[PDB]
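Just one chain follows, in the form deposited in one PDB entry, and it is written as structure tokens.
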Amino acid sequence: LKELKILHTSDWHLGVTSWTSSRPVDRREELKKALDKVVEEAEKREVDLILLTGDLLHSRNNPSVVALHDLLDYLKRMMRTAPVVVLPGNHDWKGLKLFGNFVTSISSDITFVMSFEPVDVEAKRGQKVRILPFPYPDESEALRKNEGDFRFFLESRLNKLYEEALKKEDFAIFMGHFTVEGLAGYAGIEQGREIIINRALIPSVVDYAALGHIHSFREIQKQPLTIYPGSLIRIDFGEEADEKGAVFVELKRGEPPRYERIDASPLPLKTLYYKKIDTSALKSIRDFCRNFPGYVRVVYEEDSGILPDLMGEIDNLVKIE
């Protein structure tokens, strides 16, 4: 047709345990609840295509059974709503590509793009969609990397995708797993680290660019619409002010693309700032934590001598800096 409704979510980080150094907190229950809201909104808005990018699994090379089980489960829940296109992150298990290709071959409701080669998928209402994938470069690239030709290598493939995008029928969607050049704020870096790609190098002829790997929601540009949806939960206190969720994108053949943020409303984070820890502050911390339904961080400047076991008496206090 001439219309395409898309749900784009990324960076689920299934299996994550936060603040393992100070107070380990399994985010599974919170994550699943947020993950459920995204699924419900997919069915409610009746999306035609679902895009998955970023780190769906927290552990790159050692995911737990439970984490893997949650992944496959939510993959299936997504598939029952609309056809799914997945751009996996970088995993060194070379058998993963075999699995992805196998699953892609046996189901018409899911596609795993694990190369730079474009793939023509079919949306829920029959819309033809050309996927332009740009995953983390294999080696290949890290082997022939000299900083100079490596940048030229990336541009070549980006130019190749541009040429392939011109061959589109109905819609063309770009999917990339990298960090856009010019990010000073998260920017969790690096050092390192992942591949840096400039905005203008993204094929302008695509209808939408689906990005991942970033915890925080970022609207990179409008033409073409380039978006990091962000994670579904607040992984750490750097994301305290962030709003977490997924992205609903709608496309028309002639009209400009529009999008909305789908709030997952995960648990809130709070950082309390003190000059020093004294009697008044000690009571202030205990009082706030008992009334706060989220997780709390406490940072203070001046040394306050011996500190009472706060991370042993306050289940809500997860970090002291």
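So that the term is clear: the rigid core is the largest set of C-alpha atoms that superpose within 1.5 Å between two forms. Shifts are known only where both forms have a C-alpha. Numbering follows the first chain given and starts at 1. Compared with the form deposited in another entry:
Only one of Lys76, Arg125, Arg144, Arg199 has its C-alpha shifted by 2 Å or more between the two forms once the core is superposed, and that residue is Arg144. In the core-superposed comparison between the two forms, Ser304 has its Cα shifted by at least 2 Å. Once both forms are overlaid on the rigid core, the distance between the two CA positions of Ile189 between the two forms is 2 angstroms or more. 140-144, 189-193, 301-306, 311-313 are the runs of at least 3 consecutive shared residues whose C-alphas each shift by 2 Å or more between the two forms once the core is superposed.
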The other form holds:
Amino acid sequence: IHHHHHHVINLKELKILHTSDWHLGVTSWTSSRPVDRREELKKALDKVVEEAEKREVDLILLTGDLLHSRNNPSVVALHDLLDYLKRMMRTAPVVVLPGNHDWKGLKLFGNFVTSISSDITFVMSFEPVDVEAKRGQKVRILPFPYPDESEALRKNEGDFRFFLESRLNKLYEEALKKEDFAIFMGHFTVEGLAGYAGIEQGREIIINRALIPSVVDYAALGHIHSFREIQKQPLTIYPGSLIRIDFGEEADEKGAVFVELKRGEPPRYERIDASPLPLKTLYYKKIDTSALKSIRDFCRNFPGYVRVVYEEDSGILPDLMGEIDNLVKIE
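Output the structure of the form deposited in another entry; the preceding block shows the form deposited in one PDB entry.
Here you get just the chain by itself.
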């Protein structure tokens, strides 16, 4: 019973697990009623890990912000990240495209970890890397990380947009230089999203979906919280977060993406539902006796969190947050 990669001859298939935007260490609604989302997030994370072992994925892709805090993650958040990273590695080889971190030492540690292990790879530049999947599949990764060299901080609108296109063009040329499979990994915002509102904000890199290399077998994206099927040629998917961060994601479906690739057959995928706690926003003109009736009746049998939005004040409001544990925000 070994624990290394297999080597099947003439194998032309590739099962991929794509999850993104874990936001580990997040505490929601700190200005109204602080709620630690760790237990819910870990539960959702466990379900994704189990599904990876269930379907026996060949490669695991990680994008978006795995940590909620960009430049100051808690010890607990870091612990959970390293925990689930190891859990992923026991299942299949992992490829990680980090988001915004603002720490220079991270690239050093990223290259170090990548060098000492054959089951995890950190792409923190535009340099394409070749990786080996669980069953010995040759997979070329075309990474498009967040633009560095202070180009995001300061750059002319003409050159910067031409800079992004030039980088994408080189990724296209190098995608043709592939052995078996070629996967695109990007950390940006697709031009004209319908209708993910509330990002970032934050700095945004706007890229047309047509500029993404068409010769790749799969385009793995992140940074946005909602699931999005951008296109089919090539298959471009935002997995979305695993939990509902704020009430803007009330009607969102959270989870991961399972992608299967064949040499002759076109790409197919299934959504892996994480089934996180639901959210709900109740609207009222004034919080009258009728409004209090509706609020208490709804929050009674609701397994998730509730926000109440009203227009104008009308007398002293009862301690609703006291009698109702579900109510996290009356704004």
